[PDB]
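To begin, one chain is listed below as structure tokens, in the form solved without the partner chain.
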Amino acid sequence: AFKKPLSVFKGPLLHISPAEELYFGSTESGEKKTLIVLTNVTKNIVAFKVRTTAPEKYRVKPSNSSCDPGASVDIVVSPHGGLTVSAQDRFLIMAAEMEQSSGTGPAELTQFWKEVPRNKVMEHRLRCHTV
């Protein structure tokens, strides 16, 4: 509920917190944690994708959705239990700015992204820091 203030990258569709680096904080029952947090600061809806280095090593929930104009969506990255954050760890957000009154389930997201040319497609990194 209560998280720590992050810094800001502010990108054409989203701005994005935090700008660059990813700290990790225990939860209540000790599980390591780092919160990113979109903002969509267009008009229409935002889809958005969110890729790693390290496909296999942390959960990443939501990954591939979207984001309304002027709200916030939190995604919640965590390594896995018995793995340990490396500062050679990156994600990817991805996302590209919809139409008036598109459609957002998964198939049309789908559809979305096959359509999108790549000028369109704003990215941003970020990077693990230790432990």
Contents of the next structure:
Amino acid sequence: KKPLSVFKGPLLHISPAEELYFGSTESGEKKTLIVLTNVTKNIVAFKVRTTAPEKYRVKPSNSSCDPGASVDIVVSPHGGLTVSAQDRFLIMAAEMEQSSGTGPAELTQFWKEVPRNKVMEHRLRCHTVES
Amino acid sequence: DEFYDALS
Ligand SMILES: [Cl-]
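What would the structure be for the form solved in complex with the partner chain, rather than the form solved without the partner chain?
Now the full complex is given, and it begins with the chain already shown.
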């Protein structure tokens, strides 16, 4: 078969690997997907960042992924706004402790404490909309 | 050019 477009790192496998392509939904909106897969034995906390925070809905954008599990990130531009080839997305990932919390205040404290050399990052680029 | 926190 065809190999899946997936970036592989030591914490997460990310699909697609580099280029984000947006499609049209039956509910009348543009939408792309970012699938994260935790390939470690511990919880991986992740955050999603973008160069155009005013343009895109990103859900989830500040959460965590259980070991062995996958998380789908739904990205959709707001109505009337167009996708730009300069729009980029940043995936920040860091491995959490064995008995670490995943609630809002625990995630805030984790990212305030984690040393920056243990934070893995991967960038994605948006492609212009085709229809 | 820099990155900003995404919004749900
Ligand atoms: Cl179409």
